[PDB]
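Quick setup: one chain, the form solved without 3,4,5-trimethoxybenzoic acid (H5A), written in structure tokens, and binding and motion questions come after.
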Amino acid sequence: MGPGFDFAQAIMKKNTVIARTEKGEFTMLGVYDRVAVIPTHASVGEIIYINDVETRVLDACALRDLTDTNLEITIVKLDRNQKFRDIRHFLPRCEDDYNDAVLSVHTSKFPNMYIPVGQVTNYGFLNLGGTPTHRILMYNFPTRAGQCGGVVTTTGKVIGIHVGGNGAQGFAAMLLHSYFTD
């Protein structure tokens, strides 16, 4: 509808796949080469389905901060025959608050879904499903089951992936440039 949705659409059309684990179907953001991200609660194993194709997980990693606190981001390297467009230059370098964000989802259940969630707070600490979690972004939209892994963007920035909600608010794990240095 506007330049927010334009940038979100550009990310969804080239940098997302549908990831299936034993814990369900997730939006999965591809970042560069064969490297993607997913919520740690997806419980990635040795094998994952990518757009309904059986794919070996060459490597995977559940990120924690230097206080050894959950970040709820898993970085996955896929045994896939094709690279993602490199979008690392759209990742923020520091923790921040944002205005006018869009949460975008693409699954079997929720194809081509875009939600204007408005103002994003650097919330910090959240007890997420009973797990102490750091670097949480908060937005005042009543998000629901099926949106986890959803991509949170502003015009020109990919800032996080959706990892939970409480019925009134939605929560995203930050994406930082420093997670994907090579």
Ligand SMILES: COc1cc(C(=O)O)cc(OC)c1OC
Contents of the next structure:
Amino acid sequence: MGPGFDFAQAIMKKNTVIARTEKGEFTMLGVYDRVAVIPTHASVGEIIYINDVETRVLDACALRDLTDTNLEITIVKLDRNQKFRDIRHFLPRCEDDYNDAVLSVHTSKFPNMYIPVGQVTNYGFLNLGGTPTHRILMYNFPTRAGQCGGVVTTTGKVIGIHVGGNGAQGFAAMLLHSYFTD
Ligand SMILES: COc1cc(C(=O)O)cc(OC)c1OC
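Now that you have shown the form solved without 3,4,5-trimethoxybenzoic acid (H5A), what about the form solved in complex with 3,4,5-trimethoxybenzoic acid (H5A)?
Then the entire complex follows, led off by the chain already shown.
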């Protein structure tokens, strides 16, 4: 409907797949080569379904900060026959607050879904499902089951992936450029 939705749609159309684990179907952001991200609570194993294709997992790393606190991001390398467009130049370098973000989701349950979530706070610490978590972004939208892994963007930046909510607020894990230096 506007330039925010334009950027979000460009990311969804080329850099997302539908990931299925034993814990559910998730929006999965492809970042470069065969490397993607997903919430850690997806519990990625040795095998994952990618757009309903059985796919070997070459590597999976559940990220933690240097205080050894959960970040809720798993980086997955997929045994896929095709690379993602490299979008690392759209990742922020530092923790920040943002204006006018979009949360985009693509699954069987929620195809081509885009939500204007407005202002995004650098919230920091969250007890996420009982797990102390750092680098959380917060937005005031009543996000639901089915939106986990959803991409959070502004115009020109891919800033986070949706990991939870409390009925009134939604919470995303930050994506930082430094996670994807190879
Ligand atoms: C349609 O929105 C954009 C898409 C892309 C892209 O390369 O996908 C790059 C942009 O910045 C130059 C955009 O504007 C912020």
